[PDB]
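Sharing a structure with you now.
Just one protein chain is left out here, and the rest sit where they should.
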Amino acid sequence: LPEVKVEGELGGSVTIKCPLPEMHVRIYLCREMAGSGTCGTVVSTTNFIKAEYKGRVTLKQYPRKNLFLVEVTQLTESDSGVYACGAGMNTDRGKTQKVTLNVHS
Amino acid sequence: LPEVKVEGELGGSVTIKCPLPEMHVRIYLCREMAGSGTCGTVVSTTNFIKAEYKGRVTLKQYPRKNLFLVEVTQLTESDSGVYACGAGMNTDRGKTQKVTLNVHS
Amino acid sequence: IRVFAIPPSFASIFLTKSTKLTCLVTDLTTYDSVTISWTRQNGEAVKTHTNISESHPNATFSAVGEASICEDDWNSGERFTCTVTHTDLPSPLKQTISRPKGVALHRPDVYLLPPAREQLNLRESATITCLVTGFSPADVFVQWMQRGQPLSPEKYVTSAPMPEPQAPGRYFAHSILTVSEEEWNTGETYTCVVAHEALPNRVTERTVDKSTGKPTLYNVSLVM
Amino acid sequence: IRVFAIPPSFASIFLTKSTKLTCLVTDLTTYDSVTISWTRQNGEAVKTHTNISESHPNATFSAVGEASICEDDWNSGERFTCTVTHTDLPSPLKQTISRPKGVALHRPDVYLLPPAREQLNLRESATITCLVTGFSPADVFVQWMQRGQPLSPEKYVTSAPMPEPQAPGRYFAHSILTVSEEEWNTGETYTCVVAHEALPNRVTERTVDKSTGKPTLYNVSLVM
Amino acid sequence: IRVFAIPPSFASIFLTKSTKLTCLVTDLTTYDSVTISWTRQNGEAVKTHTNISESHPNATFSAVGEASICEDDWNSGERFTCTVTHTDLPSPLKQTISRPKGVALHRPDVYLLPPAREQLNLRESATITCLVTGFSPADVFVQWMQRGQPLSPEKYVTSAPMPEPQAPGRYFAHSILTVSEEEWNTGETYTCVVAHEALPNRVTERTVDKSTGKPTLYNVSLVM
Partner (left out) sequence: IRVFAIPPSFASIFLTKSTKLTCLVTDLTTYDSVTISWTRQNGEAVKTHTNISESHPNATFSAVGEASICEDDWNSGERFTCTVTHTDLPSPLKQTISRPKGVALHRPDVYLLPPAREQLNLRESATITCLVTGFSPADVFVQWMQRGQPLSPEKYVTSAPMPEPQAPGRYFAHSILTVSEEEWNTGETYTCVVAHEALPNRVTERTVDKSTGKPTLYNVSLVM
């Protein structure tokens, strides 16, 4: 439901803020492909970093303010879409929060 | 197509005569269950003797007259139906010859 | 001159509900007048072993010692050592046995697979696969249940945990149950149950039947 | 003089994995420096009895004695004895508690029911019902797990095992989890795990979702 | 004092198109001045070995000797013996190596399985199973091909031939290929190829894609 509408610059890094829920172990930052109604997991607690994002992203969880932060290092035109974050085994039936990304260059 | 209409007696044994074809390795004596249009393999060259027929049947192949003979020892009311014999991986798409069996007691 | 022990495994613990400490002697010529006892870190001794084994026919001797104790101490990591006394050795040998205390824990994921279509054409048999992936450590127990009653272990095969290439530390295993094409086409739901320490109740069940992937909302039938 | 001994319950054993027994001393004045200890059949000793219950302001005394043991000893037929000494009652007090041997064992049957359509029409709340029937004896532990994580114990209510009306010796129980309708309509899956000491693995799981039980509507039959 | 050899395997023969005779020394202290040669039943010697190995760090020595010869003689059953000369031993040791001549031959049956539906919901990965059953002896080779080009052997796992319970003498093996849910949902046909001596050309290929079990005559789509 909520949209951070996070913004950033080409290069550098940008931090995505998403809520960390309880009674849900798998936490993911899925990317809304919006092609054939399918969303592909970019990162997860089960340890799966997409090949296109390998070595550029990380996921750190700390239940201090009930928040988990995901950082994306570097930036490319490809990195300018929707990255719905959520929990649960089914990736398409989670997406608790929706966010948008772009590039300023 | 051909029907031996083989006949026998309760107890003893009866021999089923079926043609032994070439260029076909799997040779079976399927039983036409005729329930939901499905035939269950009673014996095969791949070595599968149904539990109800375990230790009572045998299959010997010898290309002398292009014939393989199958013997059924003992006899029960259950042993009084159709046993289509054929070749090939698909059991329902073979059944080269059809035969009938009964009991005289 | 070695004495090798067999610590209780999680599979044995879940199969028998009885953790047992056992040790065997090897590389020793067959003899007699040997007593085996089990001791603990605290120092006190435990119950007496029974069921003396025999002599290996390769010029080696082996003695077995059983000791039943609470699994909590084995998990806690108590140090258990069995003492064996022989004639050739002047000082009895000590064999300390403890569980590795501290392992990353990950619950296994189970996946049941229905027999292939080309297999259900010989009308002879069918093979169902229960596939377990993503679990550490390598102590897993799998068994098959039909109609709420366990099947005999002489009709399915289970493999040993093979490490996962993608995730290091995680393992995977496979279990195959051979049934009849008849039985499978006559309903008969089959269940594979997996027991692992990281599981909440150490139990997980899944079932598959002939009709599992159907939409169950419509029913299309092509008839000619 | 009234001293209560509470044998461990299977529900508590399964809930805590830390089987415990309590020797509760009541019907006495609030006197300090009391001596309470647990002993076995042969007169051995047990661990320290920490966490002594506080005295009550209504002129009653409360004391608890805890003996850490493992389940096989308790369920093997061994009998325990509680020792209580006091200034008011200098005579030693002994109490014996153990398993009540001599009862048949039967496995429960679990049926999970979806919420009523009329309740759903209110578009407010929904209640899933778990019906456990036919189990003997009366020691069943029911729990609800949404996605592998147990829901707060204050969310559901479980009933005491009342005797089955037509079946003598067997019992039945209920369990109601109240969830928000919105969650139920989004495909959220709920399951009712029930633990009994007569089940094969002493665990059983039945699940339910909005699509469970819905019948087929379309029967398309295209003919050439 | 042993010298263990490694006869060429059918997997190695089919992988490299070069049968090789190799033998290693063991249980010998590290030394030098050792020459290894390969001899045959006929009596004449063969090509000279190269690539001297090193000394094992466990107080043992090993020498490797390579000899490339026609596979026909190895199949025919020619007796090949490698002769090693050392200082401690006065007489050189002889190690005869031959193929077991006479084994029941049975062609393997292959079955490819598509990933489970519950696995294609995390949108992360998928595992495809190639299942080989009914083959004697236990020399089988499996590899995966995508789009006519073989994949790297570091993304699939193959097991060792485990004996079949039903048919004695027959064996079975399993190979799993881990792909992406994306790739699988974007066509991409996958092929598992099996090489066995009982096979007519010693090659067998099967493919599965996302759309394999469809009727391909009608197409029903429920839209709301």
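To keep things simple, chains are lettered A, B, C, D and E as they appear, and every chain counts its residues starting from 1.
The rule is short, and it goes like this: contacts are C-beta pairs under 8 Å (C-beta built on N, C-alpha and C of every residue); 3 or more make two chains touch, one makes a residue touch a chain.
Among C:70, C:199 or C:220, only C:220 touches the chain that is left out of the view. Residue in contact with the omitted chain (choice from B:1, B:23 or B:51): B:23.
Per the touch definition above, the residue from B:49, B:82, B:89 or B:103 contacting the chain not shown is B:89. Only one of the listed residues, E:34, E:64, E:145 or E:167, touches the absent chain: E:145. Even with one chain removed from view, chain B keeps its contact list with that chain: residues 22-25, 88-89, 93. Although one chain is not displayed, its contacts with chain E can still be listed: residues 17-18, 70-72, 107, 145, 148-150, 193, 195, 200-201, 203, 205, 216-224. Contact between chain D and the absent chain runs through residues 218, 220, 222.
Here is the rule we go by: only the chains that are shown with their structure count from here on.
Annotation: C-D is the more contact-rich of the chain pairs C-D and B-C, by number of C-beta pairs in contact. The interface of A-E is repeated, with over half of its contact pairs matching by residue number, by B-C among B-C or A-D. Look at where the CA atoms of chain A average out and do the same for chain B: the two points lie 64 Å apart. Between chain B and chain E the centroid-to-centroid distance comes to 39 Å (mean Cα coordinates, whole Å).
Shared interface positions of chain A, defined as residues touching 2 or more other chains, are 46, 89. Residue positions of chain E with contacts to 2 or more other chains are 118, 125, 218, 220.
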